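Trainee: Listed below, chain by chain, are the residues.
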Amino acid sequence: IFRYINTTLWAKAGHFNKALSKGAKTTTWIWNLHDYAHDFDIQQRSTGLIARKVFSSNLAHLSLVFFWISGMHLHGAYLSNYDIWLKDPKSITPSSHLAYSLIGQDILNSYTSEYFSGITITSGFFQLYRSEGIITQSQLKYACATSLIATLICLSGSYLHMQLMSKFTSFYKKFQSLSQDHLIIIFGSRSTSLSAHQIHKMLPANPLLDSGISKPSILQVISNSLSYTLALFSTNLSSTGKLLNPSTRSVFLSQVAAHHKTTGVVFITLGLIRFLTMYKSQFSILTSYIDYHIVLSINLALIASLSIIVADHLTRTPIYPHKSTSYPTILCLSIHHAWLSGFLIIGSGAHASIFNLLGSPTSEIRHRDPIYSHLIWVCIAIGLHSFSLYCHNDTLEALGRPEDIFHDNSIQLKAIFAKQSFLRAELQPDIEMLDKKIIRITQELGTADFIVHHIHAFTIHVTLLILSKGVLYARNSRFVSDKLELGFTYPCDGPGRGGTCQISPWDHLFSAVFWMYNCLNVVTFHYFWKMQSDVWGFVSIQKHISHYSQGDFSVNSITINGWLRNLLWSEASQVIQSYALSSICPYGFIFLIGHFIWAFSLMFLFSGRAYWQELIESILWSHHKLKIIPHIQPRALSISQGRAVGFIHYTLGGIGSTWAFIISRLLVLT
Amino acid sequence: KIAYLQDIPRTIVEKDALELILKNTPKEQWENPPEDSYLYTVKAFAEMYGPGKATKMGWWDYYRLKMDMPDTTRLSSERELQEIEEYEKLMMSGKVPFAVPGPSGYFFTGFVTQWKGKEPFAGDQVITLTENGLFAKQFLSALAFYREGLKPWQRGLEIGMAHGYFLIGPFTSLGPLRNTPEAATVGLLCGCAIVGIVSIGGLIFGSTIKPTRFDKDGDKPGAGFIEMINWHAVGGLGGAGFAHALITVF
Amino acid sequence: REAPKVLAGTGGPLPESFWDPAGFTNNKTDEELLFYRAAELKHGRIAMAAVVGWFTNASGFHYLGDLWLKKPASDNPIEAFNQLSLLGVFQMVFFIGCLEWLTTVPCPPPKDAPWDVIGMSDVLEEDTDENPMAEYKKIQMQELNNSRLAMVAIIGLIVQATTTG
Amino acid sequence: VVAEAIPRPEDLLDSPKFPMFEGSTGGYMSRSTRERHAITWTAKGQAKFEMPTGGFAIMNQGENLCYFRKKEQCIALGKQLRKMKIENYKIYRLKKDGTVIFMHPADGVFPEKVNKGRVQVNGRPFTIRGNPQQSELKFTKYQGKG
Amino acid sequence: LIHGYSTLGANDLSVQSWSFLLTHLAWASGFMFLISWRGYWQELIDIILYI
Amino acid sequence: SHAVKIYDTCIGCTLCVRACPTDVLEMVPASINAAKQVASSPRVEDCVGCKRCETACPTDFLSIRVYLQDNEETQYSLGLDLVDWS
Ligand code: CLA
Ligand code: CLA
Ligand code: CLA
Ligand SMILES: CC1=C(/C=C/C(C)=C/C=C/C(C)=C/C=C/C=C(C)/C=C/C=C(C)/C=C/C2=C(C)CCCC2(C)C)C(C)(C)CCC1
Ligand code: SF4
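Here the protein sequences line up with chains a, l, J, d, b and c, keeping their order.
For the first sequence, the authors' numbering begins at 3 and goes up steadily by one.
For the second sequence, the authors' numbering begins at 37 and goes up steadily by one.
For the third sequence, the authors' numbering begins at 73 and goes up steadily by one.
For the fourth sequence, the authors' numbering begins at 76 and goes up steadily by one.
For the fifth sequence, the authors' numbering begins at 596 and goes up steadily by one.
For the sixth sequence, the authors' numbering begins at 84 and goes up steadily by one.
Worth flagging that the hints you see were computed from the coordinates, not collected in a lab.
Ideal placement from N, C-alpha and C gives every residue a C-beta, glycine not left out.
There may be inaccurate statements among the hints.
These stretches of chain J come out as covered by chain l in the derived footprint (C-beta under 8 Å, 3 or more residues) [stated by the list, open to error]:
id, segment
1, 177 to 184
2, 190 to 200
3, 208 to 220
This is chain a alone, in the form it adopts within the complex:
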């Protein structure tokens, strides 16, 4: 069985694809080898190998994630100031990340504690550890050990399943079994397990810390043995979320444990219900969507939506102790999950297109013109409406006519449904604050919030237009009637019919990545400006609030010039003036590098490969002149690869620019 696991193919690069068997005649062979590496569908051998590869690769990636978790745990146990952060979280910035004293890189470590200098981490791992009752270094040691053991176990399982599974293997196709066991045993039987963990280790510990005994009598009290504290020790009646814990500025962990217990019960009951529930309508979906790419797209869309829900729920539904006051942590936790939501949504669209090209589509593709046409009209309507309210405000403010602009002190567009959406939270008529820092105050939504929400809707709709147009017009179109034979990813069909560049679903993803990036850059900026202007900030003992941006949002965000001046210029002073400043030197440098990479992408985005091919031939003349012949013949990047490289550099550079801009400012202000 395992005697066929041989290294003889390690030296034979490109073995998996039969199109690469001719050998590396040109440099295009290298890029094709890298491109087809994970494309198990088109690789050689039967369908059973596809299942084995998919499952074992999933296990290998799971081992990789476990290794990353183990690295974070070891950094927290042996390369961090988590001790002093535990003792005083409101005066110590989290830091489990040092820099070596080479090339003066010592300037990157900054004062986080009197005994520690390092890079302020914004992953929120310290708050997670405190919410996980991790106090001693031994606990982090054993967490790291368990994560390393999990890495080894998952790696070994990925190794084994390449030969345990065979041609007869069918457990992956049993979707009823997968859904039932997943749902019940994981969402139900593991949620209650975490509820048990919290009830037996957090409530014995986190109340002890909040009770002021950071000593906890060392292990005499902290090491469990506290069955005289009661599970609902400090619920204080009320409703979950209406009253926060005054000490840690978060929801009481007893309520979180009850939530996990009840959610596990609900999931178990739903698994029991699924024995007899509503069906026979999603049944066409049931039979037509049993394929790798469709389920991958469905899961990607679902996980991305969950990621955006997490992004919006991690900030002003504070669960973690001492996390609402840690403003850089809140900002990072929102924005990182926002970006992941966008990226995984785009991936869902791509794999929907791939499923359409490999499998057979459904009924909705036959009236695709009305669908992707009313989508076009709605995109045009909300683009010519949302953005232009900004253009109108801008023009009339430049003209000196502020009474004719869309503002609160002018023609005002009230957010009617949001203002009547006091259902969410429904907190008492005041704010909450822990230590000179605002925990959460209700965002008073006005005209600017209305306009920016419509901008969000417009960008979302345009990205969805690109994605659905790629998906629905994958097999064929009025433009080209045999797009199915062209495959999933192709540069074009030729300069004929006026020009057929970028008709493939791959190119539709290529444009959709740009539009998703543009969509949630505005989301990032809206969050980053709104929180600073209207939520975060200092306090005055006379109940007066001094925010970080001093309420710039409601008065400046009504015009594009307001965004340019009060957000991208005034709030970029921290990152731009960050040279020789200990903590924020890398952020200024990375700001510069992000600008460089973003501009560098434009060389690939704007140019075609024929010019570069001719230039490469001109250079190859000089190489052949001096008897330097590369027998792997130099070829310029393929059209699809040029577009991919351009998109990757564009998004990476822009994301790095925002990343530095937000993080350096929040680190300086805090």
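Take the given structure of chain a and dock chains l, J, d, b and c with the ligands to it, following the hints.
Mentor: Just chains l, J, d, b and c with the ligands now, with coordinates in the frame of chain a:
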């Protein structure tokens, strides 16, 4: 009958599960199951293990076999197979089980709207409720542009009255002089200007495209359309003036 | 039954129980029975919207009427009708008058199915045999049974409001 | 070769030659276009195929007939049929007046198969580099068309 | 330049700031003519023409 | 309409004919190659311009050359579907 489907031990697969497999699998595939089909594994094992053959297996081999066979719940029942065999029949017959999009999904309305039009290969004749229903057809036919028995000037007058009456509002309110004591004569002038501009555009259209669907027999081509556009301008003036009169008086 | 067969299998507790415990349909002609159904569906369709409108107004959502009266109108829908500005009521009557005119004279429903105000009969099948469709009779039951419930429900709301608050 | 009597698609509603196809919005846009292309073929079994205008279809055991706006769609369907070992398919262009023009297997033999009586049209008797320079033919019959 | 027109009054640089933003919009608008290529838009135009 | 020209270097592949999506090309008998056949383009009025024929041609430089003429486009060379020019 087929050789390997007879006297198959229950331990390899149960009787009801095997019958469910045979029902789900198309009849032509029983003799030689394809590959990666539960019936293929049933054939590849029932021809090795049985009464006259190897009657025992290693525990791990039997464990792997039990995870290659269906678990009696992942197979469509008779009613589900009927659902598919009839849904596909509807779809191929040119009829669509009517569904309406909802919150990321669609509700089936339990209606069979015949989908392909009179010209089945025509893309714009696929009949929908909003364009080919009785109400939609009679509403479109009764519009001023389509109403039977209307002289071209009557269509123009009606359309112009509608446009002129409506166009006053966006200017007299939220306009540059929305707060001035008059604030409505400005809106009247702007609405009349919009009516005149669109009437000029219609005249351009009638002198360039020259639609001939309103011309009476033996007339200068496009004369009906030009008359309709001129009377739309007149009706726009009238409707704008009437809206302004109502605003000022009331 | 003969003539009540045109509205057969569409009422009663169970779908195929011609209730009529007053003889209101016997001796009546086919067109009269169809017209009686047209009255029933029209009452029920309005009743369904009436009940929904009652609840979205008795809970505190009367925006157009709070923004027109410049004050939060009373939650009691009967009392909120009085507070609603007379311009609003007259426009409300006119809009329904236009809709009632539109359906009757310009775009009349057929005479065999006088309740097809949207006119699905020209694109509907209603007589095929598919299971994943042709359940149009069932959705006719849900419209009628829900609407009949809404008719007695909205009267209960009005009667109780006008009497026991 | 004898051209068939392909009637105008607006006058052949409900024909027995039409394959069972789902029908989509991708079909030829009536009310704006009057030139239609028709492809006919004779099949042996009701094998499912894919329409060039979205949606799938099932052939008839006998004659088949389909209407399309563009010749490209007809040729795509012809290649799809020929992959299923279905020869003897003919593609016609229908003029607005109803004139039937026989297009694809023009001489009855597919263009990839040599047939006598054909002559190399648009043939040039030299290598592609043998073309004259554009600069030489200025203001002649071949001003920008060397 | 950015302080030209704001929610504090305007300077004689208001035209400069407005043209600054307009030229930024013009510069970014030409990205789609350079990055996005024809076939996508031809399909989009076919859909609009269908409408 | 475009201009599709066939040059003497043709070796009778028939690949260009098979790759054409609108039946522009055809095979004609000849005597300038071992295959005794060369391509021809009798129906370039149907040439959309996809240049698949050029992709399929294996001669050192294409024996079939398609010259794009954008100021010449007809309804067939543009692949018009929603609109008729006849
Ligand atoms: C800032 C640059 C910019 C701008 C303005 C646009 C604008 C647009 N893109 Mg686009 N795009 C861009 C960059 C840009 N793109 C880049 C860099 C890429 C990367 C490839 C793309 C990729 C892309 C794709 C892939 C898609 C779009 C789409 C759209 C359209 C949808 C939005 C809409 O209709 O709003 C309206 C347009 C506006 C510009 C809003 C403002 C309008 C002004 C302010 C009001 C009117 C002015 C007034 C009348 C003055 C008159 C003119 C004067 C001479 C008198 C729109 C035309 C989508 C589309 O067309 O679908 C509908 C689509 O599919 N874009
Ligand atoms: C669970 C997630 C998941 C999974 C399993 C897959 C799986 C697959 N995808 Mg996919 N995809 C995903 C998410 C996912 N994708 C997302 C989120 C997107 C949106 C961006 C896409 C977009 C996408 C496209 C457009 C295509 C695929 C393709 C494929 C297939 C082959 C992939 C391959 O060989 O690439 C090999 C792997 C690589 C080339 C990785 C190279 C690294 C990337 C490109 C750059 C990342 C830069 C890095 C983050 C920053 C560097 C740090 C810097 C500081 C230096 C395979 C089925 C291809 C296909 O043919 O499908 C059949 C294809 O054309 N996917
Ligand atoms: C506008 C009122 C109205 C009308 C016109 C109809 C009409 C019809 N119903 Mg019907 N129905 C209604 C309301 C109405 N329904 C309500 C509210 C209910 C719920 C109890 C029902 C329950 C119901 C069943 C269960 C069945 C019908 C059936 C029928 C059809 C047979 C004819 C018939 O029963 O008498 C038509 C004439 C009338 C209904 C006269 C209206 C009532 C008179 C005026 C006296 C009622 C006054 C009342 C006592 C006082 C008002 C206040 C009250 C709420 C307390 C016919 C199409 C049968 C059918 O078609 O099945 C195949 C059948 O089986 N209906
Ligand atoms: C919102 C709504 C809607 C819509 C509506 C509409 C669309 C309306 C319109 C309306 C209109 C749009 C109206 C109009 C009217 C008009 C008028 C009423 C006019 C009149 C005029 C006149 C009367 C004139 C006269 C004259 C002349 C003719 C000339 C000379 C002078 C004079 C003045 C004498 C719907 C249903 C969708 C739904 C919901 C609700
Ligand atoms: S592909 Fe080129 S070489 Fe081959 S037959 Fe066609 S024109 Fe001649």
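Trainee: What hint numbers does the structure not satisfy?
Mentor: none
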